[PDB]
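Heads up, the chain below is alone and in the form deposited in one PDB entry; it's given as structure tokens.
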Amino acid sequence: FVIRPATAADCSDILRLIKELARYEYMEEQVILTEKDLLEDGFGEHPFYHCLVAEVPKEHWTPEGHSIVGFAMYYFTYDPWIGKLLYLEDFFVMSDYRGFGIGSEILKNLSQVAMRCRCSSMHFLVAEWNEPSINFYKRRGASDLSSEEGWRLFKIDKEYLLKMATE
């Protein structure tokens, strides 16, 4: 397999993989982003995310005829105390393609991106019940991040943003 940066032509596959992950989490209907959205947000003049994809040889394409079997979606964030961070948002390899080393190589590639960008750390969320991914990550040096303990996450949605923008 090959791990490489996605191109505008991979948007179809990125959305397909985003939906497979959402389905793995039983929330596929949550995905309202379109292929056009991904193209615009990812390969327009200012990318709001970056993506690496895992591509297999044609001989081994999926039953559906797709060459992309995994991906990682990330973007850079900033911490006022320490600086640049690489934030890994989505990370998924199709069932039939797991345990082959694809996820490990994607993480190695992300690590190189982090060092090239001089990020001091890579941050990400893992579901509490997912011991297999927790072990995967921790075997590669991850540790718990307590930074948000004692803090509540809030959102101000479009309706209210528009109200404030025009008050």
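Residue numbers count along the first chain shown, from 1. Only the largest set of C-alpha atoms that superpose within 1.5 Å between the two forms is called the rigid core. Shifts are known only where both forms have a C-alpha. Compared with the form deposited in another entry:
After superposition on the rigid core, the Cα atom of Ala8 is displaced by less than 2 Å between the two forms. Listed in sequence order, the runs of at least 3 residues with C-alpha movement of 2 Å or more between the two forms, after fitting the core, amount to a single one: 146-167.
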Second form
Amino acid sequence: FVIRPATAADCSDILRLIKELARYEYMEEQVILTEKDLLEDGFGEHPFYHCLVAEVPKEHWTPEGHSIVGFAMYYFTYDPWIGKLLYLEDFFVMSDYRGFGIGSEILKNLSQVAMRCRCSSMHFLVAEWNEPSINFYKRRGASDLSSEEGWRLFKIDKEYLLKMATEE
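Hand over the structure of the form deposited in another entry; the form deposited in one PDB entry is what we had up.
Lone chain follows.
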């Protein structure tokens, strides 16, 4: 299997995997990304995010001939204490293709991206009950900032943003 950055033609496989991940996260119905959106936002242009894909050789392709069986979606963020961070938005490997070392390779490529772009850390979210992934990351030196430093992710949706924008 080889890990490489995506191509505009990797778009349909990417959407497919994003949906498999959403499903895994019970978020499938809320997926709002389209191939059109992916092509515009992910490509070369002013690119909003970046994707990596893992593809296996013929002998292990999917019943549907898909060779792309994994992916990672990321972007850069900023921390006032240490600066530029690499933020991992999505990371997924098809069920039958896990434990092969594929995910490890993606994390390796992501680390090099991080070193090359001078990022001081990599941040990402993990579901409370996702034991397998919680360990996979911890085995590679990750710490749970929500436990250690008590951070909780908060959100203010559009209707309230609109209220504040117009309140004046």
